[PDB]
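J.: One-letter residues, chain by chain:
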Amino acid sequence: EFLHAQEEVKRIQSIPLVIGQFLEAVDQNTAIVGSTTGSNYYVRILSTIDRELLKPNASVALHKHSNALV
Amino acid sequence: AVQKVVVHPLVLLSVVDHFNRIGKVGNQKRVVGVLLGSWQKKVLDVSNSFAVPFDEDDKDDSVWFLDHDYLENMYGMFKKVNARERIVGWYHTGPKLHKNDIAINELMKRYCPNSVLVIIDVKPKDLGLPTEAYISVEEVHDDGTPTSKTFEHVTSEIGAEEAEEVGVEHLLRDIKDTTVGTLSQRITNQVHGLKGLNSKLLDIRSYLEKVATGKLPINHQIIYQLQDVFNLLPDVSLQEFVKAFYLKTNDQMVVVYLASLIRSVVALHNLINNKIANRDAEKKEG
Amino acid sequence: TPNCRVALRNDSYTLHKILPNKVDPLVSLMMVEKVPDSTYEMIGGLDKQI
Amino acid sequence: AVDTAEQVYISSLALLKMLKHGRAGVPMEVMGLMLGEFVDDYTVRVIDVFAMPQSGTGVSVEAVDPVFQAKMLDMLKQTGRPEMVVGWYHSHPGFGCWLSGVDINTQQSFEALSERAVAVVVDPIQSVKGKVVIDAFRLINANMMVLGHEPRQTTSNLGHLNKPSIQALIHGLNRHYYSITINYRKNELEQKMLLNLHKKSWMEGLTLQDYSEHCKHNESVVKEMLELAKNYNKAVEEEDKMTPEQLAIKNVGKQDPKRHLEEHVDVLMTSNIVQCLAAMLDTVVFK
Ligand SMILES: [Zn+2]
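Sequence lines, in order, name chains D, Z, C and c. Going by the entry's author numbering, the first residue of the first sequence is number 71, and it counts up by one from there. Going by the entry's author numbering, the first residue of the second sequence is number 5, and it counts up by one from there. Going by the entry's author numbering, the first residue of the third sequence is number 109, and it counts up by one from there. Going by the entry's author numbering, the first residue of the fourth sequence is number 24, and it counts up by one from there.
Keep in mind the hints are simulated off the structure, nothing from the lab. Hints are supplied without guarantee of correctness; some may be wrong.
[Unchecked claim] Below, a list of computed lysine-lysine pairs in the DSSO-like style, where the Cα atoms sit at most 27 Å apart:
#1 c:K100 x Z:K199
#2 Z:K199 x c:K222
#3 c:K253 x Z:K127
#4 c:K246 x C:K142
#5 Z:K180 x c:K94
#6 c:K310 x Z:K247
#7 C:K125 x D:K134
#8 D:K80 x c:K154
#9 c:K273 x Z:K288
#10 c:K222 x c:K154
#11 c:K273 x D:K80
#12 c:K186 x D:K134
#13 Z:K8 x c:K239
#14 c:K310 x Z:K33
#15 c:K277 x D:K80
#16 Z:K129 x c:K222
#17 Z:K63 x Z:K28
#18 c:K209 x Z:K129
#19 c:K215 x Z:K127
#20 Z:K8 x c:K264
#21 Z:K180 x c:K215
#22 c:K209 x c:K100
#23 c:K253 x Z:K287
#24 Z:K28 x c:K215
#25 Z:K279 x c:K277
#26 D:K125 x c:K239
#27 D:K134 x c:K154
#28 Z:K28 x Z:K100
#29 Z:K247 x c:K239
#30 Z:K279 x c:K253
Construct all of the structure, not just a fragment, from the sequences and the given hints.
T.: Right, dumping it as C-alpha cells:
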C-alpha cells in the first residue's frame, strides 16, 4: 500500500496542468495562488516541492479540478 | 494483410456473460456471435460485439445456422446509435474448433471482404492463452497438392484505451500485479515465463510423437520449419567464454563495492544515531 | 480586519478561514531579504556625509 | 412499508458500457438505459446496459424513444436473456453528480411506471485516475414532510460509502432525492481473465535488453551517486550540537542522508541481479 500511495501521488501531476503564478504562502502546506484565468484562488500545496522556490513569485503548475499546487 | 488485432476488453468480456446467459440451458458448448470492429490500418481494432442464435449438430457437422435477419436489424441498431462502428467478423469458443468454420466464414465474407475471426477461451484460462485469431486465405495447398482451405494465423494482443483502464483499475483492487516490480516480481516473471517454455515444448513434444510414431499423415511444411530451429541454437565456445566473464564481472563490480558497502555504512550510521539517543535518554531519566 | 481576505468554501460560500497577509502584489525587490554586499568601513573619504 | 438503507448491484459488464459511452460523447451528455431485476425489497441488481440514440433536446423524457425501446427489448429476448428495465443513466461532464431540473422530471415518469427506477449519474471527464465518480439516486416524496425523509432503519452501514458531499447537497439532496449505496457483483472467472489478459508477458520474462544500454545505465546512476556521497560526507562530518533534533527538522528537503541515498542502491541492485541471473539461466537452458 506504500507503493500504491507513491504511485498515485506520482500520477497526479502528469496531466494537462494549467499555469498560474504563486502569490502568498499562509503556512505549512497551504498557500494563495492566482491563476492565469484570472480569479485568484486558495488551495492546498504538496509535500514534494521544496518550499524555497516560492519566494513571492514563481509561475506554478495547477491541477484543473482540485486546483492544488502541483 | 493484417498485422495484428487489438482486443478491447469489453468484447471477450461480453462473450463470457453470453456464454453464461445460455449456460442455464447449456448443451451447445459453443457460442457464435458477431464481432464489430474499426478497421484503421494493417493493424486491426475491435471494441464492440453482440451475439446471434446459432446451433450445430454433432452428426455430419455441416448443418448450422447463422441468422441473417437478426444480424441485419441489430447491426442496424448499433449503426444508428454509433456510426463509427462496423462489422469486421465473428467469434466462437471451444478451442478444439469444429471444422464447420469454413462454412461459417465463407457465408459472412459477403458482409466484410477481409473477414476475420477470433477464438476466445472461456474455460481454459490458466497457463499462457489470452485468445487466438485466424485469417482466411485460400491457395490450392502447395505446388503439387490438391485443393484446401487452410485458415492462417494473425498474432493477437489485448489493447487499452483511456476510460476502460479506469474501469480496469477500479475493478482489480486486490493484488493488481503492482507497478514496476521488485526483486520478487521479476523472478516470478522468470519462473512462469519458463513454466510456459516447456509447456509449448510439451505440445511440440506430443506432435512429433504422434506424427512420427505413425498415426496421422505428415505435413511437410512444419517439418523443415522445425528443422532450422535446431540448427540455430548457440553453443559454448572460447569466444563465448572470455566474453561472458568479461561482462559478468563488469555487472558484478557495480553490485559489490558500490551497493553492498554503502548500504552497510548507512545502517552503520543508524547504529550510532540509535545508541547515542538511547543512552542519553537513559542517563537523563532521573 | 481592514483589507481582510478570507478563505471561502467554493460550493456553498461559507467562511473557511481568516486569511492572513493582506494584499501585497509585486513587492518582490521590496524588503530585499539579503543585505550583505558592502560594509560601513569600505567607503572612505565621505565621513561628513555619513 | 417504507425504504431502508438499500443496495445496488451493478455488473462488471455494465460499468464498462457506462464510462465508454460517456467518454465517447464527452461534450454532449449521452443517454442510455439500465436493464436488470428487482430481486427483493431492499437490494437491487442490474446486469445489462444499452445506450440510446441522441436527440437535439438532450437528456429528457423525449430522448426516450419508445419504438427504439420495444425493438431493442425484442431482440434481447431471444438472444441472451429478457428482463425488466430498472432505471436509466446520463452523463454530466462539467460537474460530479446531482439530478437537474430536467433530470427530476424524467425520474417522475419512470417511478410512476416502475417500482423505484434508480437513476445513475456518471462523470467521465472527472473519473480519470483510479477512482470513478459514479453515483445512484432515488426521488423522495413531499408527503413525508412531517416525517423522516430518507426513512432508514436498523443498520449501521449508512455512515459508510460517502458522507453527503457539499457539491451534491447544495442541490436537491437531501430534500428532493436521496443517495443509495453501490457495490459490485464481482466474481471469479471474470476477475482472473481481466487480470491475466490485460497485463501479461510470457517470452518477455527471460529477455535481456541486452547490455549496450544496461551497462550504460550502470554508469548513469553511479556518477551522481558519487557526488551525493560527497554530500553525505558533508552532513555527517558536520555533526554539531545545533540542538540536533531541531537541526534535522529545519532542513527536511527530501534530500541527502537517507532519502536520496540507498534508494539508488536498490535500483542498482535490482537491475543488475535480474540481468545477470537471466543471463546465467539462458546458458543453462539453451544447450
Ligand atoms: Zn441530467
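J.: Give a verdict on every hint.
T.: Against the structure, the hints come out as follows:
1. c:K100 x Z:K199: At roughly 45 Å apart (the allowed maximum being 27 Å), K199 of chain Z and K100 of chain c break the hint.
2. Z:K199 x c:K222: Holds, because 17 Å separates the two Cα atoms, which is no more than 27 Å.
3. c:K253 x Z:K127: Not satisfied, since the Cα-Cα distance of roughly 59 Å exceeds 27 Å.
4. c:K246 x C:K142: Given pair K246 of chain c, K142 of chain C is violated - Cα atoms ~34 Å apart, limit 27 Å.
5. Z:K180 x c:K94: violated (41 Å)
6. c:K310 x Z:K247: Given that 27 Å is the threshold and the Cα spacing comes to 18 Å, the pair holds.
7. C:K125 x D:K134: holds (23 Å)
8. D:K80 x c:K154: Holds, at roughly 15 Å.
9. c:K273 x Z:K288: holds (25 Å)
10. c:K222 x c:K154: holds (20 Å)
11. c:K273 x D:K80: holds (25 Å)
12. c:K186 x D:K134: Holds, at about 24 Å.
13. Z:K8 x c:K239: violated (33 Å)
14. c:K310 x Z:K33: Given pair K310 of chain c, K33 of chain Z is violated - Cα atoms ~43 Å apart, limit 27 Å.
15. c:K277 x D:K80: holds (15 Å)
16. Z:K129 x c:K222: Holds, because 14 Å separates the two Cα atoms, which is no more than 27 Å.
17. Z:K63 x Z:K28: With Cα atoms ~24 Å apart, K63 of chain Z and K28 of chain Z stay inside 27 Å; holds.
18. c:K209 x Z:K129: holds (18 Å)
19. c:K215 x Z:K127: Roughly 11 Å between the alpha carbons, so the hint for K215 of chain c and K127 of chain Z holds.
20. Z:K8 x c:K264: violated (67 Å)
21. Z:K180 x c:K215: With a Cα-Cα distance of about 10 Å, the restraint between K180 of chain Z and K215 of chain c holds, given a limit of 27 Å.
22. c:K209 x c:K100: holds (25 Å)
23. c:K253 x Z:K287: Outside the cut-off at roughly 34 Å; violated.
24. Z:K28 x c:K215: Roughly 22 Å between the alpha carbons, so the hint for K28 of chain Z and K215 of chain c holds.
25. Z:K279 x c:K277: Holds: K279 of chain Z and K277 of chain c sit about 25 Å apart, inside 27 Å.
26. D:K125 x c:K239: Violated: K125 of chain D and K239 of chain c sit about 39 Å apart, past 27 Å.
27. D:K134 x c:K154: holds (16 Å)
28. Z:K28 x Z:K100: holds (22 Å)
29. Z:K247 x c:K239: Roughly 17 Å between the alpha carbons, so the hint for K247 of chain Z and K239 of chain c holds.
30. Z:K279 x c:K253: holds (25 Å)
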